[PDB]
Amino acid sequence: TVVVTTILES
Amino acid sequence: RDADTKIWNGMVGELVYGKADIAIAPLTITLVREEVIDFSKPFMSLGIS
Amino acid sequence: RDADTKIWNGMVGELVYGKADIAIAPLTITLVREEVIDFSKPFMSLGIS
Ligand SMILES: NS(=O)(=O)c1cc2c(cc1Cl)N[C@H]([C@H]1C[C@H]3C=C[C@@H]1C3)NS2(=O)=O
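Order-wise, the sequence lines are chains A, B and C.
Quick note: the first sequence uses the entry's author numbering, first residue 394, plus one each step.
Quick note: the second sequence uses the entry's author numbering, first residue 453, plus one each step.
Quick note: the third sequence uses the entry's author numbering, first residue 453, plus one each step.
Rather than coming from a laboratory, the hints here were simulated on the basis of the structure.
Where hints are given, some of them may not hold.
Said to hold, decoys possible - The list that follows gives simulated cross-link-like pairs (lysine to any residue, SDA-like), each with its CA atoms no further than 20 Å apart:
1. C:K458 / C:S497
2. B:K458 / B:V484
3. B:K471 / A:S403
4. B:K471 / A:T398
5. B:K493 / C:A477
6. C:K493 / B:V484
7. C:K493 / B:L479
8. B:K493 / C:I500
9. C:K493 / C:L483
10. C:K493 / B:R485
11. B:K471 / A:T399
12. B:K493 / B:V464
13. C:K493 / B:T480
14. B:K493 / C:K471
15. C:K493 / B:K458
16. C:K493 / B:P494
17. C:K471 / C:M496
18. C:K493 / B:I476
19. C:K471 / C:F495
20. C:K493 / B:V488
21. C:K493 / B:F495
22. C:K493 / B:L483
23. B:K471 / B:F491
24. C:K493 / B:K471
25. C:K493 / B:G499
26. B:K493 / C:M496
27. B:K493 / C:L483
28. C:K493 / B:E486
29. B:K493 / C:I481
30. B:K471 / B:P494
31. C:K458 / C:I476
32. C:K493 / B:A475
33. C:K493 / C:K458
34. C:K471 / B:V484
35. B:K493 / C:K493
36. B:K493 / C:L498
37. B:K458 / B:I500
38. B:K493 / C:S497
39. C:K471 / B:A477
40. C:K471 / C:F491
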């Protein structure tokens, strides 16, 4: 279980 | 990085503060980010157009 | 990598076996090279042509 942070950019 | 309070905010600030383990995201590699977190070799080549 | 003697030749071999402190050179960042030595971020971009 790894937390993958990301942003919503198309 | 904030000028007034010297704290990182954003996905990088989340990575420094331990909330997030990795950032597989469209994040540009720069010098100030490289000082505080470690990047892989870049996966996408982009430029001003 | 040499054929079954597992010896790096060339500039990479000079890095692995202690001959050279650094390789400021047109050396391609490849996976098999990455396992043995260290690469900085790519100073130039290219393609097989
Ligand atoms: N146009 S080019 O191939 O001469 C070229 C290619 C590249 C340059 C700079 C130039 Cl001038 N810098 C980048 C660098 C900026 C950050 C992202 C990748 C490294 C660190 N590498 S690259 O994308 O390989």
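Comparing the hints with the structure gives:
no.: 1; hint: C:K458 / C:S497; verdict: violated, 29 Å
no.: 2; hint: B:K458 / B:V484; verdict: holds, 12 Å
no.: 3; hint: B:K471 / A:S403; verdict: violated, 24 Å
no.: 4; hint: B:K471 / A:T398; verdict: holds, 9 Å
no.: 5; hint: B:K493 / C:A477; verdict: holds, 18 Å
no.: 6; hint: C:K493 / B:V484; verdict: holds, 15 Å
no.: 7; hint: C:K493 / B:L479; verdict: holds, 15 Å
no.: 8; hint: B:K493 / C:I500; verdict: holds, 19 Å
no.: 9; hint: C:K493 / C:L483; verdict: holds, 14 Å
no.: 10; hint: C:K493 / B:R485; verdict: holds, 14 Å
no.: 11; hint: B:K471 / A:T399; verdict: holds, 12 Å
no.: 12; hint: B:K493 / B:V464; verdict: holds, 17 Å
no.: 13; hint: C:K493 / B:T480; verdict: holds, 13 Å
no.: 14; hint: B:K493 / C:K471; verdict: violated, 26 Å
no.: 15; hint: C:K493 / B:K458; verdict: violated, 27 Å
no.: 16; hint: C:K493 / B:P494; verdict: holds, 8 Å
no.: 17; hint: C:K471 / C:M496; verdict: violated, 25 Å
no.: 18; hint: C:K493 / B:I476; verdict: holds, 18 Å
no.: 19; hint: C:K471 / C:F495; verdict: violated, 23 Å
no.: 20; hint: C:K493 / B:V488; verdict: holds, 16 Å
no.: 21; hint: C:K493 / B:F495; verdict: holds, 11 Å
no.: 22; hint: C:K493 / B:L483; verdict: holds, 11 Å
no.: 23; hint: B:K471 / B:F491; verdict: holds, 17 Å
no.: 24; hint: C:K493 / B:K471; verdict: violated, 27 Å
no.: 25; hint: C:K493 / B:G499; verdict: holds, 16 Å
no.: 26; hint: B:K493 / C:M496; verdict: holds, 13 Å
no.: 27; hint: B:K493 / C:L483; verdict: holds, 11 Å
no.: 28; hint: C:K493 / B:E486; verdict: holds, 11 Å
no.: 29; hint: B:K493 / C:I481; verdict: holds, 9 Å
no.: 30; hint: B:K471 / B:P494; verdict: violated, 23 Å
no.: 31; hint: C:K458 / C:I476; verdict: violated, 24 Å
no.: 32; hint: C:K493 / B:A475; verdict: holds, 18 Å
no.: 33; hint: C:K493 / C:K458; verdict: violated, 27 Å
no.: 34; hint: C:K471 / B:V484; verdict: violated, 33 Å
no.: 35; hint: B:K493 / C:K493; verdict: holds, 6 Å
no.: 36; hint: B:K493 / C:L498; verdict: holds, 15 Å
no.: 37; hint: B:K458 / B:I500; verdict: violated, 29 Å
no.: 38; hint: B:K493 / C:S497; verdict: holds, 12 Å
no.: 39; hint: C:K471 / B:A477; verdict: violated, 39 Å
no.: 40; hint: C:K471 / C:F491; verdict: holds, 17 Å
The structure fails to meet hints 1, 3, 14, 15, 17, 19, 24, 30, 31, 33, 34, 37 and 39 from the earlier list, while all remaining hints are met.
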